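Novice: Fit chains G, W, C, B, Z, R and S to the known structure of chain F by using the hints.
Chain residues, written in single-letter form:
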Amino acid sequence: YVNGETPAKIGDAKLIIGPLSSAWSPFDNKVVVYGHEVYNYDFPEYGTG
Amino acid sequence: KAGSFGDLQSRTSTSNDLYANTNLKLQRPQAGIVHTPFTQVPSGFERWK
Amino acid sequence: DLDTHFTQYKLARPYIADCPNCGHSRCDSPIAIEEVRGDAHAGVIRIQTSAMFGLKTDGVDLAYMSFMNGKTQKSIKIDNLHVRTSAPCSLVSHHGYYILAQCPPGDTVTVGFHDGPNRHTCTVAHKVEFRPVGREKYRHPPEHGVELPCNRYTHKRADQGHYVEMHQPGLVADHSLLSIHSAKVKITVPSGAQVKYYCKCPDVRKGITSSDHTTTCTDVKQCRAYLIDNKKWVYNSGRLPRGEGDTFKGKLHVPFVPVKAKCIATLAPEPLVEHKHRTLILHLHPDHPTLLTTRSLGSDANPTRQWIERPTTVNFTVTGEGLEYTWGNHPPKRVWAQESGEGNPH
Amino acid sequence: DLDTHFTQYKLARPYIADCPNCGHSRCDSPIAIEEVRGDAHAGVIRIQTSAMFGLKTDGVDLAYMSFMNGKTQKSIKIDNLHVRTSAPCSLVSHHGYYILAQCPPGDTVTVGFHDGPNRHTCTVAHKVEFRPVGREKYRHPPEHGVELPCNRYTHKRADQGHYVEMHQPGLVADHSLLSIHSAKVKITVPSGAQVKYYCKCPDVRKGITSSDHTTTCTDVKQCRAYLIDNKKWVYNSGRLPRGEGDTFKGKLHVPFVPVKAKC
Amino acid sequence: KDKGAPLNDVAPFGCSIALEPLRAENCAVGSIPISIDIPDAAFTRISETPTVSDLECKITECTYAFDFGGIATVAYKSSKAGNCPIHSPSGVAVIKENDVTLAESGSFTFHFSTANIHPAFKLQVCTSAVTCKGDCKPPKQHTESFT
Amino acid sequence: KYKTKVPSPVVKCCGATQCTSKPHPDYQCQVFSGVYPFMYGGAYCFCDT
Amino acid sequence: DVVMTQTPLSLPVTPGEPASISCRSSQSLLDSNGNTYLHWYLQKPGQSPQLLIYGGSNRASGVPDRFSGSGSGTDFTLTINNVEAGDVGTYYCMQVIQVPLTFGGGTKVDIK
Amino acid sequence: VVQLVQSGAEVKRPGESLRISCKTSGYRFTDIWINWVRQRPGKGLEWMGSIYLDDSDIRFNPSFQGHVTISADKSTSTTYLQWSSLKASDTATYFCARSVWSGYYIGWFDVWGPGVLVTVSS
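Protein chains in written order, with the deposited numbering: chain F, 148 to 196; chain G, 197 to 245; chain W, 1 to 346; chain C, 1 to 263; chain B, 246 to 385, 394 to 400; chain Z, 50 to 98; chain R, 1 to 27, 27A to 27E, 28 to 107; chain S, 1 to 52, 52A, 53 to 82, 82A to 82C, 83 to 100, 100A to 100E, 101 to 113.
This is chain F alone, in the form it adopts within the complex:
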């Protein structure tokens, strides 16, 4: 995991990485998944078509 808390046992040595220096993520609040691909269609409608 990439965060300051959780360690990791690679062999015997104990590893801690993170947190990521930036919170940027390619996604956004609403996305659409079709097939093997994902689109940033920003307005899926909840019950209003």
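It should be emphasised that the hints constitute simulated quantities derived from the structure, not laboratory data.
Hints should not be assumed to be uniformly reliable.
Calculated pairs, DMTMM-like style, for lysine to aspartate or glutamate (alpha carbon to alpha carbon, straight line, at most 25 Å) [to be verified]:
#1 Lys52/Z with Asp287/W
#2 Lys23/S with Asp54/S
#3 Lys10/C with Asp56/S
#4 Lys56/C with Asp53/S
#5 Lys248/B with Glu265/B
#6 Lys74/W with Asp229/W
#7 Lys262/C with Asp1/C
#8 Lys127/W with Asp107/C
Heads up, incomplete: computed chain C residues facing chain Z, CB under 8 Å, no partners named [what the hints assert, rightly or not]:
#9 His167
#10 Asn236
#11 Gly238
#12 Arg242
Note that CB positions come from ideal geometry on N, CA and C, so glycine has one too.
Specialist: Relative to the frame of chain F, chains G, W, C, B, Z, R and S by itself:
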């Protein structure tokens, strides 16, 4: 130039020193069937014409 | 499998539904067309007709077809069962009400079978399109290329994933079984149906198994016979009258259902890369409308997507952080470019 | 003329070849389209198939065809030999491996002959176009106009302009000529050709004239046979296996070579 | 039919998009704080390792390309035979080689990559530091500071 | 215009074959592994790789 | 080796009505592709035999529409829709599938 | 028209050799099987052997090794049937017959020769 106007450049109308730079590649035969698939840029003389 | 075919024998019959342009005009045809489903990619379509293929009058006998020629379910050999869209489709299978075929693109879908003296054609107006997979717009499944995941209509005989309803057939109106006995209308029950009859004044609105002749009407033109049968069911179609059989939401598996499969997609000719430093020239020589999509691998993606339809030359700006381009069904390629030696700092 | 079929008979014969979209699937069909040539100015196209036309089993008798129905070069009358791209093509001639037809514009090329039990239809995805002559686009040749020079495929049976090479067939695999005699693999022979074979541990690697039963294999699944023949040649197709007999750079004239005519 | 481009093809920082957990793989942005805890057994007493002094670093030839377009050679007078590491903590050059076998009068060579015209990196070889000023290198996917 | 003729591929039951260059215009050669081709009735190349 | 048997060993018949001859073999003559390797020959008395039917069902050149061949697997049948006086002589069923390729024992058709 | 012709009928004694020949005409391809068959007096025929003209590929009956030999000649398009030591059981009609190549099978014998009659008595 692999299909602009000169890619099969023959010295005479019947010479045996064909140049023939046409980016000829070869694909795999899938699903166990005997054939020779290939891919290649279309003809340059036809493009010119 | 045959068990599903046998379960389709249980109560399903052919029916004469309304068809537009039965060759040259509207009619009521033994083989109608309802809900043609062209949604696959390679080109396969499924047509739910109004005739039972396979099932003959006695068993399954895959090489036989059955259809309603009036008051009789009649079975014959499948001698020439053709489907045309714009050129003769190569029908791949048939079962129950459903044909599965491979058609080219076109604006019409027409089915037809030979009885030998008759052709019994049915032509519906339904736009059907070639739906190529991947990022190249080919127009026929190619000989070679790369397998991509597509959704096509399975050629399997049966599957229980999807269903369709069965309902009791509506009372079938008729007048051919009405005659004149001496000077009075007569209803000739066909020995197997309880013919309801409605005529000039209100009459017995249930019918009777015995032949009847009513005195409140003299000429056939004010009297008509609803032939009914509750021994075989029909699929509830929008082109049939709904009877009072509002029970028995019967079920039928849909034979050919959409499933995932592998479709061949054209590998386009490889482009000529001229990596003149500080940029990247790309000579593209397609044979079908192909896609070219590029993105920079920096903080600004700066995407560029375009459909190349003919030989073309496009120049992209490769900075020191990276560029990526994908062309046709080829995998994405990446290039990082800098360190050009133009000029002299000394 | 007659001698062209007598250089097309000497060693050439039909052959079964891979065919896409053979009906609704992929076939090892007897009439397999390969190297269709649409380049003329009237929509006239010549296609090289894998089933001999004209030639019957003794002479020419130019109404017949012969194809490789398994292990017998079966000949029939040309009853309905049809060619289509978008609408049926009015075929004009046939010779040896080649058909020559006048096709409308389309995006596929499909051919097929009738035999009575089956249809044997092959199809290939080709971009056949209708190339007009001059400076006006047509989509069908007109009734009247100017006579302009156009390059079209001659319908003449004979010409020595171009050739294709005929090559000795490879080792035609066949698993239908093996059985279990009593409890062991037995290899039947077609009485006229020698069959090579290969089984569990390496066996006789050159074939034999007569039948045999191999005790190193008790299951038909692990041994198989490549029927071989050296009496009739084929044309070296990309979809046929090349034989170890890498010799005989033979010749076969192309009937309908292009010519300059008037359109 | 008329969708825009996918996020697999317009995502910045060059990352593909796996679908099953709906991930964004290999999207190189930012930095990673790192803290490793190595076992004490991994270390050895410096008595048995080669001491390194009487050192000099001559740059032979290099070019500031992405790949390891660099060669340098260090002359050195041995203390004892052994095998000990190399590393350049500066940001100018990145070194391919990890460890070197130092024999008697062990003079060795190492390849590296840099983005500078005149480098200024300092190599450190087995507990001692040598500064290779570097030559004026010519021009002509990997690690470059480029500052 | 040109024409890409293809000689018949040589398919060997067991074992591999390293191919040779030739002085042909636009010559291309490739050897593929794990084909297991099929034909009209028959199961060519039983070796399975 | 395969052994062929013909029934009847002799067939008396007059013109006007059909005739049938049944040949049989040890094992099936068919292939996976459905093709029969029989050849029915006729030998009139005095001259050499001539090929009458080939392929078991297919019809050789020169002979009339009259004759016919049929059958499957091991059992094959020659039929004559109506005999004439000219058909006197010996009929012979032969196979080819396995060397030696052997003729049948024979059957003799003669005017009653 | 195609014509297949054999040598005339012959009478021989046991113990010597013999060679009969069959010639093809009216058919100008060598992609042909030409074959021999023996009919004894009053008994049926027995396929005896076959030869392909082009490659001289042989197909022998297992009842006629050593006793008999079949060879072919290209220039004259002929087949020679050769006996080294005739026997008292070689009294019969011999027919040469023509089977055009049709797949990997001997085929059907579309035209036969006139039929030679070779008799060896005591």
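Novice: Given the hinted pair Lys52/Z and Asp287/W, is their Cα-Cα distance within 25 Å?
Specialist: Roughly 16 Å separates the two Cα atoms, so the pair holds.
Novice: Starting from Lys262/C, check that the Cα of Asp1/C is at most 25 Å away, please.
Specialist: holds (24 Å)
Novice: Quick check on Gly238/C please, does its C-beta sit within 8 Å of some C-beta on chain Z?
Specialist: holds (4 Å)
Novice: Going by Cβ atoms only, is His167/C closer than 8 Å to chain Z?
Specialist: holds (6 Å)
Novice: Do the numbers back the hint for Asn236/C, that is, is its least Cβ distance to chain Z under 8 Å?
Specialist: At 4 Å from the nearest chain Z Cβ, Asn236/C passes the 8 Å test, so the hint holds.
Novice: With a cut-off of 25 Å on the C-alpha distance, tell me whether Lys10/C and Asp56/S pass.
Specialist: holds (17 Å)
Novice: Would the pair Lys23/S and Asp54/S pass a check requiring their Cα atoms to be no farther apart than 25 Å?
Specialist: holds (17 Å)
Novice: Would the stated hint for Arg242/C survive a check requiring a Cβ distance to chain Z of less than 8 Å?
Specialist: holds (4 Å)
Novice: Sort out whether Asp229/W lies within 25 Å of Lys74/W, counting only the CA atoms.
Specialist: Holds: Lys74/W and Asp229/W sit about 16 Å apart, inside 25 Å.
Novice: Regarding the pair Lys56/C and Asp53/S, is the alpha-carbon distance no greater than 25 Å?
Specialist: Roughly 20 Å between the alpha carbons, so the hint for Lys56/C and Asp53/S holds.
Novice: Holds or violated: are the alpha carbons of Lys127/W and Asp107/C at most 25 Å from each other?
Specialist: holds (19 Å)
Novice: Tell me if the straight-line CA distance from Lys248/B to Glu265/B falls inside 25 Å.
Specialist: Roughly 22 Å separates the two Cα atoms, so the pair holds.
The structure meets every hint from the earlier list without exception.
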